[PDB]
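Visitor: The primary structure of each chain is shown beneath.
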Amino acid sequence: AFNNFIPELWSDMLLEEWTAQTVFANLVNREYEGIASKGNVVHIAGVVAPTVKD
Amino acid sequence: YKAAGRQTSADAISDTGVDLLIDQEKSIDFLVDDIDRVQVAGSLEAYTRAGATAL
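As they're listed, the protein sequences go chains A and F.
Anchor point for the first sequence: position 53 equals 54 in PDB author numbering, and the numbering is continuous, going up by one each time.
Anchor point for the second sequence: position 10 equals 65 in PDB author numbering, and the numbering is continuous, going up by one each time.
In short, the hints are calculated from the structure, not lab data.
Incorrect hints may have been included.
Under the rule of at most 20 Å between Cα atoms (straight-line distance), these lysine to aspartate or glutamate pairs were calculated in the EDC-like manner [unchecked claim]:
#	chain 1	residue 1	chain 2	residue 2
1	A	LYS54	F	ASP78
2	A	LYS54	F	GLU80
3	F	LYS81	A	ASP55
4	A	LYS54	F	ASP66
Computed, partial: chain F to chain A, Cβ under 10 Å [unchecked claim]:
#	residue
5	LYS57
6	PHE85
7	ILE90
8	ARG92
9	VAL93
10	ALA96
11	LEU110
In this text, a Cβ means the ideal position worked out from N, Cα and C, and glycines have one as well.
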């Protein structure tokens, strides 16, 4: 028998791992990436409305 | 007209009425301190829009 002349074959492509579609970084707000070019904290502030008086 | 014999006499007309009283008078009144206007990170004109939204 051919103990020496029958090859073994390798595929030239690796199987890439199956992994979840990422979505959340496209859904949330990115606006503070403009300010966050430096430093390790961003402070965001909000209005408290003035009261209506009689 | 038949119960009245066949008599008719003229009634006086009259009206009803209601008053729309224009009795609500409401205000906004607030300070924007110059030291605060200078020391804060950006425009305080959002407080004028908040006052308008409150009325």
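Visitor: Each of the hints needs a verdict: does it hold here or not?
Guide: Tested hints:
Taking the CA atoms of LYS54/A and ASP78/F, the gap is about 14 Å. The hint holds against a cut of 20 Å. Between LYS54/A and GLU80/F the CA atoms are separated by roughly 9 Å; this keeps the pair inside 20 Å, and the hint holds. In summary, the hint linking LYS81/F to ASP55/A is supported, as the alpha carbons are separated by about 5 Å, within the 20 Å threshold. Our distance criterion of 20 Å between C-alpha atoms is broken by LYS54/A and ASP66/F, whose separation comes to about 51 Å.
The beta carbon of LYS57/F comes no nearer than 61 Å to any beta carbon in chain A, farther than 10 Å, and the hint placing it at the interface is violated. At about 5 Å, the closest approach between the beta carbon of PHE85/F and any beta carbon in chain A falls short of 10 Å, and the interface hint on this residue holds. Evaluation of the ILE90/F hint against chain A yields a violated restraint, the C-beta minimum of about 17 Å exceeding 10 Å. Against a cut-off of 10 Å between C-beta atoms, the interface hint on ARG92/F is violated, since the closest Cβ of chain A lies about 14 Å away.
Interface restraint check: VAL93/F against chain A, minimum CB-CB distance 16 Å, threshold 10 Å, status violated. Look at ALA96/F: its Cβ gets to within about 7 Å of chain A, closer than 10 Å, so that hint holds up. At about 6 Å, the closest approach between the beta carbon of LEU110/F and any beta carbon in chain A falls short of 10 Å, and the interface hint on this residue holds.
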